[PDB]
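The chain below stands alone and is given as structure tokens, in the form deposited in one PDB entry.
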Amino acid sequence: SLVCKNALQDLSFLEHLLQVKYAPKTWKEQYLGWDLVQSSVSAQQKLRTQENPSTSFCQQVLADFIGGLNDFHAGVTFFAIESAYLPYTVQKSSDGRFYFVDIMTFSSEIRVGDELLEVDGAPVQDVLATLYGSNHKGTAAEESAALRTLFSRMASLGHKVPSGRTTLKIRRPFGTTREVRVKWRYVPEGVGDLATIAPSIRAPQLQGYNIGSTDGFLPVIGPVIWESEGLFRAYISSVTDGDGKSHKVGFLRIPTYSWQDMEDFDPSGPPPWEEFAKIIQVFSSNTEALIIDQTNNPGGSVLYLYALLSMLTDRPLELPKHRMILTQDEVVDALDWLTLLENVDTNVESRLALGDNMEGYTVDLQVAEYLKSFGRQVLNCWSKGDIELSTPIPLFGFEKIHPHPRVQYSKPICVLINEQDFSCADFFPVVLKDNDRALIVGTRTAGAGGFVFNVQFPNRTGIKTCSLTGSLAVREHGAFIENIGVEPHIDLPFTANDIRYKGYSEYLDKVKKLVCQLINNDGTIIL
């Protein structure tokens, strides 16, 4: 079969990337009991056994192949526009119930606050269990990843697109239930299945709760006495400990670390780190403690992440390192760094070579050194044959983050974290936590622990991009971030009261009571 042959070929290539570029392979083998061979063999058999397999069927197989790695950074996307969609956003409450937190339609049979009980007659958890990956381990992160999928099916992601009408069973706020008949918003496939055309191909012949939300989903913490509304959501409000004293608390939400992707971002105006700077300065002299909302963050540029950190501390902070998978590629990069920084001795020379600013991070002489060290260390590992999963080397060689020369918030910080915090959104609280800089509150992060790289290549299976992790981050005391993520100081999940009536008062109250303590006791959260 034409589609079958291409799929196997395309599958063999994916298999080969895993052996030369997927770093956490050893980690996935142990922590998950994952097995490349098992995976390969199984996938090939699925492919060969099919009676006249369709293009999508194969994509679904490759999709499941990489899906088995249980890696939020490891996936495959396709050249397919076929999709199914229901305009409902649901959020799982601590006790296990599923409430509708947003309805993007004028239909009125379901309201914000109704509880989802069944889908097509099957209990939510059941439907969800058919959306999990091959090596599911029931973590909240996986659960939520699956939840995003409940009402959004895309062939571009390897999903099997449903269609037609379906029955959701809800529980209205006052106890009664209803069964609602709904129809999937369906977009038919616009890219012809190859299997359908194969036979006619003759031989050639000449002649929001949305991840990344700028505003996030938390309501103000109290009476606003300042707010920027420019590019980031940032404001200053009050609070009042039980003693009757009032404090000025700041609130800032970092939506992503992929700045070129922030809503309303003009690439002709000043970059977002310069605005971040204005916010922090306002905070420095107008606030007594800072609350950073970082939930539902997709991650992004490490250099950008570093910049934001450099402005949130007056002292240097230790950064975790990465065990990298190597190829001559990274070698030349190493060479290139050395040849570019050969003759650099002063801060000034650093700047004329690096740009004096690396996506917000200040180009210093030490940066030139750090960079120089990295690359040396890389070349070393290469000659010592340590290219399978090198000893830990910090990204860019930055052994640590050095406070920003001009702006630096030095007061107590409080970071809110989610089960939907990936990569840089993992690292941010990691760095603030290991150096004891901020109080992390909320829930264990997802655990995408290692940088991503994407791969493209022509093929007839419709593969667009295959993303893979190229390193394994190692925290200071030796823990890997991959899969495990970061645990916050205070475990504070959202309750059904927080969620049901989009107030989150129970949550916010605890955060306020918590931050008041940092203001009084000086950090040091006792009770």
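Just so we're on the same page, rigid core means the largest C-alpha set that superposes within 1.5 Å between forms. Positions refer to the first chain, counted from 1. First, how it differs from the form deposited in another entry.
Note: rigid core superposed between these two forms; among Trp226, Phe265, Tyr186, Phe457, the CA shift is 2 Å or more only at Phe457. With a cut-off of 2 Å and the rigid core superposed, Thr49 has a Cα displacement that reaches or exceeds the cut-off between these two forms.
The rigid-core alignment places the CA of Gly355 less than 2 Å apart between these two forms. Once both forms are fitted on their rigid core, the CA atom of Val127 lies less than 2 Å apart between these two forms.
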The other form holds:
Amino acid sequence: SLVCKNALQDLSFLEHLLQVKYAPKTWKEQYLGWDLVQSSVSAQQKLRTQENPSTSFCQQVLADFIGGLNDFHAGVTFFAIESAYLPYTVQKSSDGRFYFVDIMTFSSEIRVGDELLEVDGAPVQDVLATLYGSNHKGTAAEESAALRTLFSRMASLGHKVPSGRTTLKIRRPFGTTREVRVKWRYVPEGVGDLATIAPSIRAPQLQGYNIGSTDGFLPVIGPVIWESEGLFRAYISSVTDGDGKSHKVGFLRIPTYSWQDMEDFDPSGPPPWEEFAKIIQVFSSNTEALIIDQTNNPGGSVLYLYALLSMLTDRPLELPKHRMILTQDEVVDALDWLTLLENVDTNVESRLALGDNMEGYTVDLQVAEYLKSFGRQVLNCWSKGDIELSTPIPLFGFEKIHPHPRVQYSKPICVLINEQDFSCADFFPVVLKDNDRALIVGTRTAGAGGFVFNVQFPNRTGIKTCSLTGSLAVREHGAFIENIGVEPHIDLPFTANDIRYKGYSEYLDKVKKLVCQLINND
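Switching from the form deposited in one PDB entry: structure of the form deposited in another entry?
Keep in mind that what follows is only the chain, not its partners or any molecules around it.
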């Protein structure tokens, strides 16, 4: 089959990429027991045993292949518009129950607070399992990612896309069970399937709960005495400990690290790191502690991550490093750095070459020194042959974060994290935890440790982008971040009660106690 031959040829290329620039390969083989060849043959078998397989089929098989790496940064997108979604958002309680927390439509028999029991006569947990990847380990993170695709399928991601209607068995809060008939919002495929066209081909002739949400879903922690009216959701409340003694506590939500994609961001007005700074000043002056909600964050720019970290300390913070796979491509970046900073010996000279700030991070002679150090280390590894999985190297050469020159929050911090924190959102709590700067609370993060790089190549299988991880992050003490993530100091999952009434009062009550203990420092 033409379609089949194309998929096998492209499968071998993706297989090849994994052997050239996939830094976590060795980790996956040892941690998951993953085997490139077997996994590859397992996919070839699915392609070869179909029957006039469709382009869609092949895309689905290739996505599962890359899906077997159990890597959030490793995936495959296709040139396919087909999709189907249901205007519902659910959240799972620590005791295994799924509740609707948001409905985006008309008074359907499904309301917020109802519990989801089945999908097409099958228990929700069993339907989710069919959405897991080949090497599913059972982490909360993989579970949640699967949940997110329960009501949002896209051919561009390799999902099977359903159409028509489906049955959801829901449970009302007063015990009434009802089977509800819902209809997928379906967008038909626009790219014609290559198999249908194959026989007619002629030889050439001449002549919110969303990840990244600004506000998040947590209700205020107590009476508000102050509130920011800018980009970020931030405010001051008064919490009374178990001794009727009031305390002023700051609350701030860091929604994403790709600052330009922030809801309501205006490229003409002042950058987001400047408004963040205005909020910290207020907090430094009028608060005794700071709660930072970092849940449901996709990550984004590292330099921005560093920018925010630099305003939450008055002492340098040690940073993790990355084991990299080097090619002459990285070597040229190294040389570019060294020449750009060649004649830099003063703070003024640093800014003249790098700018006043790098996405919020203050530029100094120290920044220029780190970057030069970075280029020298890349060049040294290259000449030493340490290029398959390099000695750990810090991004941009930054060994540590130095306190911002003007604003520095120095009181106790309590960061809230969850299974939907990836990339920089993994790093934020890692840095604060390992440097003992803050109390980490919530549930283990996703474990997406390594920078991504995308690869595009012409093909007739519909592959648009294959993204891969080019590094393996390692913490001060040796622990890898990939797949493990960051464990919180206090495991605090959401209960059925927190979710069922959308009050999260048991979660917030817990958070308030911890903070009070931080203040009273007992």
